[PDB]
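**Q** This is what each chain is made of:
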Amino acid sequence: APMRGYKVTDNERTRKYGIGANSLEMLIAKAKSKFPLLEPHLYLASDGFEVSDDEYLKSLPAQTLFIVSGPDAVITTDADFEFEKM
Amino acid sequence: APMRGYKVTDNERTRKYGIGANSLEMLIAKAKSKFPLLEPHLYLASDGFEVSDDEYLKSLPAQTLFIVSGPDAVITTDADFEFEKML
Amino acid sequence: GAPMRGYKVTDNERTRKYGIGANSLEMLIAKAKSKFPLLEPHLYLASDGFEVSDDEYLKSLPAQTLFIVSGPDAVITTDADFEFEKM
Amino acid sequence: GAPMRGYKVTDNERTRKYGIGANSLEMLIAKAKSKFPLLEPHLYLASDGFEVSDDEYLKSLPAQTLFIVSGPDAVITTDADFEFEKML
Amino acid sequence: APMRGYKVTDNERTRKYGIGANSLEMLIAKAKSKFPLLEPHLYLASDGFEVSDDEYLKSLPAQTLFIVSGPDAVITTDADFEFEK
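Residue numbers (the deposited numbering), protein chains in the order written: chain C, 45 to 130; chain D, 45 to 131; chain E, 44 to 130; chain B, 44 to 131; chain A, 45 to 129.
If we strip away everything but chain C, and leave its shape as in the complex, we get:
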């Protein structure tokens, strides 16, 4: 599978990385080396939906923004995060 670019940050948006990956397994492994998460899971920053498998990952546009967190995580969406900045 081809290498694609994705964007990953944590729920507080404290560290922001562009990461290249050709599978969900690779993207999680690269995220795990960057964030203090022992069981990392990837969620859409837009609506909090969990990227549950490699097939869903590859259905997304390149450069999609993900929140990395733990399993079954409460995710602060982009809209919620901006609203909380006021």
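It is worth saying that the hints were derived from the structure and are not from the lab. One or more hints might be untrue.
Below are the DSSO-like pairs computed for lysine-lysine, each with C-alpha atoms no more than 27 Å apart in a straight line [what the hints assert, rightly or not]:
{"#": "1", "chain 1": "A", "residue 1": "74", "chain 2": "A", "residue 2": "51"}
{"#": "2", "chain 1": "D", "residue 1": "51", "chain 2": "C", "residue 2": "102"}
{"#": "3", "chain 1": "E", "residue 1": "76", "chain 2": "E", "residue 2": "60"}
{"#": "4", "chain 1": "C", "residue 1": "51", "chain 2": "D", "residue 2": "60"}
{"#": "5", "chain 1": "A", "residue 1": "74", "chain 2": "B", "residue 2": "78"}
{"#": "6", "chain 1": "C", "residue 1": "60", "chain 2": "B", "residue 2": "60"}
{"#": "7", "chain 1": "C", "residue 1": "129", "chain 2": "C", "residue 2": "78"}
{"#": "8", "chain 1": "D", "residue 1": "102", "chain 2": "E", "residue 2": "74"}
{"#": "9", "chain 1": "D", "residue 1": "51", "chain 2": "E", "residue 2": "74"}
{"#": "10", "chain 1": "B", "residue 1": "51", "chain 2": "B", "residue 2": "129"}
{"#": "11", "chain 1": "B", "residue 1": "51", "chain 2": "A", "residue 2": "129"}
{"#": "12", "chain 1": "D", "residue 1": "102", "chain 2": "E", "residue 2": "60"}
{"#": "13", "chain 1": "C", "residue 1": "102", "chain 2": "B", "residue 2": "102"}
{"#": "14", "chain 1": "A", "residue 1": "76", "chain 2": "B", "residue 2": "78"}
{"#": "15", "chain 1": "B", "residue 1": "51", "chain 2": "C", "residue 2": "60"}
{"#": "16", "chain 1": "A", "residue 1": "129", "chain 2": "A", "residue 2": "51"}
Derived CB-CB ranges, DEER-like [to be verified]:
{"#": "17", "chain 1": "D", "residue 1": "76", "chain 2": "E", "residue 2": "129", "range": "33 to 41 Å"}
{"#": "18", "chain 1": "D", "residue 1": "91", "chain 2": "C", "residue 2": "126", "range": "25 to 33 Å"}
{"#": "19", "chain 1": "C", "residue 1": "76", "chain 2": "A", "residue 2": "128", "range": "47 to 55 Å"}
{"#": "20", "chain 1": "A", "residue 1": "90", "chain 2": "C", "residue 2": "115", "range": "46 to 54 Å"}
{"#": "21", "chain 1": "B", "residue 1": "130", "chain 2": "E", "residue 2": "66", "range": "53 to 61 Å"}
{"#": "22", "chain 1": "A", "residue 1": "126", "chain 2": "B", "residue 2": "46", "range": "28 to 36 Å"}
Backbone N, C-alpha and C fix where the C-beta goes; we use that ideal spot for every residue, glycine too.
With chain C fixed as given, assemble chains D, E, B and A onto it according to the hints.
**A** Just chains D, E, B and A now, with coordinates in the frame of chain C:
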């Protein structure tokens, strides 16, 4: 058939999953793994209509949101779910 | 043959709601019959109650058009009147 | 090897602006550091401040993408914020 | 490397030269014979980014427009014009 991405949640919109599938059988099987129902069925979150066969699934846009539930479920639609957040 | 398209079908009371894929009126009626065992199921536009009388009329309609399934010679309750009747 | 691509690099204050050809993130950072002497240079997207974390990400980007070169864990001023303050 | 055509002008954009070159070194050398600059450098007319090496030059389309000026130049770019209007 090609893999396409879809979104699945429960009627409470609590747990939310993006799932890739190339058929309705595969989408239901993957949804059942996350939502252990005896007879899982998929419904449009927009209007509650049941996705009754693979041909209907393939007629929908990728990234469509579905509510997973049992058979003959009465789904809370997007519009009524928001309004319930209002109350 | 003809392309598969998605349609929506419900009964006159709007109790059970199905998205159904079909490539002909014959196929759409056969699938509707499995969900609503009426002896001679017929499809009517939910918008204005006009009976889908042949496959050429069906193909003249947009995908995702909503139909009411009922018996023959049925005057169905249109969407406008159904929405009104609960208010 | 990997082909040369053109990229654009400036600093957080947009004081000097360079088009740079590179075939790897390692090369792009080295050429950027020649122009902007920094102890621990990293590249960040000028659009949203996301850090270019590896060569695979760099090569996923369109040619002529604009980067801010800065130190580590940097909070760079995005294009939108910089233009906003410029108009202020 | 193949010869390509480039457009070079000054910051006023009134001394305008089409120049053929197969390297940044050649393009600068030819521009220097036309322009009053001790150390000519090439900048994109669109956004002012300096052509820092031959690899960057070769990444650009033929007939790209450059402003030639000195080092650390103050360039009036197309973006600078769009900003004013």
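**Q** If a hint holds in the structure, say so; if it does not, say that too.
**A** Do the hints match the structure? See the list:
no.: 1; hint: A:74 to A:51; result: 12 Å, holds
no.: 2; hint: D:51 to C:102; result: 14 Å, holds
no.: 3; hint: E:76 to E:60; result: 13 Å, holds
no.: 4; hint: C:51 to D:60; result: 20 Å, holds
no.: 5; hint: A:74 to B:78; result: 25 Å, holds
no.: 6; hint: C:60 to B:60; result: 24 Å, holds
no.: 7; hint: C:129 to C:78; result: 25 Å, holds
no.: 8; hint: D:102 to E:74; result: 16 Å, holds
no.: 9; hint: D:51 to E:74; result: 26 Å, holds
no.: 10; hint: B:51 to B:129; result: 20 Å, holds
no.: 11; hint: B:51 to A:129; result: 25 Å, holds
no.: 12; hint: D:102 to E:60; result: 18 Å, holds
no.: 13; hint: C:102 to B:102; result: 18 Å, holds
no.: 14; hint: A:76 to B:78; result: 23 Å, holds
no.: 15; hint: B:51 to C:60; result: 20 Å, holds
no.: 16; hint: A:129 to A:51; result: 25 Å, holds
no.: 17; hint: D:76 to E:129: 33 to 41 Å; result: 35 Å, holds
no.: 18; hint: D:91 to C:126: 25 to 33 Å; result: 30 Å, holds
no.: 19; hint: C:76 to A:128: 47 to 55 Å; result: 49 Å, holds
no.: 20; hint: A:90 to C:115: 46 to 54 Å; result: 48 Å, holds
no.: 21; hint: B:130 to E:66: 53 to 61 Å; result: 58 Å, holds
no.: 22; hint: A:126 to B:46: 28 to 36 Å; result: 32 Å, holds
The structure is consistent with each of the numbered hints, conforming to all of them.
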